[PDB]
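Form solved without the ligand, single chain, as structure tokens, below.
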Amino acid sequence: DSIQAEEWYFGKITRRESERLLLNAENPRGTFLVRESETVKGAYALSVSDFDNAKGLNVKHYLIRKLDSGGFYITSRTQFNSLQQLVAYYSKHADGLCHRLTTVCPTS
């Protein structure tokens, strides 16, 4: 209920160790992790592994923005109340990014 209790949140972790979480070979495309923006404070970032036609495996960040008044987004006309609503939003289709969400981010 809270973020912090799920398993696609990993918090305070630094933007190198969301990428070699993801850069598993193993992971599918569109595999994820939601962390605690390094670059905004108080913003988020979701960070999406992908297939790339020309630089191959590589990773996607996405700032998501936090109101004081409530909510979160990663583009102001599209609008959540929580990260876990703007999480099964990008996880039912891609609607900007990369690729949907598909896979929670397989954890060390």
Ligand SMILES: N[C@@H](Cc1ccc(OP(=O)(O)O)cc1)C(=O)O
Given for the second form:
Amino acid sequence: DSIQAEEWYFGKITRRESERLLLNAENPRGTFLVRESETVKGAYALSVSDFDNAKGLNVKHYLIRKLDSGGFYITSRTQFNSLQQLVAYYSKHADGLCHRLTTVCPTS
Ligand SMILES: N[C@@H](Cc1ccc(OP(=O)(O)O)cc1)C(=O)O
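Structure of the form deposited with the ligand bound (previous: the form solved without the ligand):
Zooming out: every chain and molecule, the one shown earlier first.
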């Protein structure tokens, strides 16, 4: 499946629009989507809802780097062959993120 078939992939959605979808108070902590990065050409971003001890409802953004040789990572130590594999991995455990991925971002 191309990434575009995944319900968590929102392509060229802006960082701002992603926060609008994610900051809904109904969303469980760890609601997420994946999108193109607005600031790094070719890269992706993983946007995750959080409840911060100081800031309350908050959206965290993680940069997903792409290798021309194939593969994706947030940290170069932990590489995946696909965005689908990266999502599956972080859905199991936070492993450094603010929270594990729990919930595919609902639409409006
Ligand atoms: N802003 C993040 C890192 C980051 C940078 C860029 C990025 O892509 P975009 O510019 O589309 O949000 C995502 C995440 C941080 O403070 O750790």
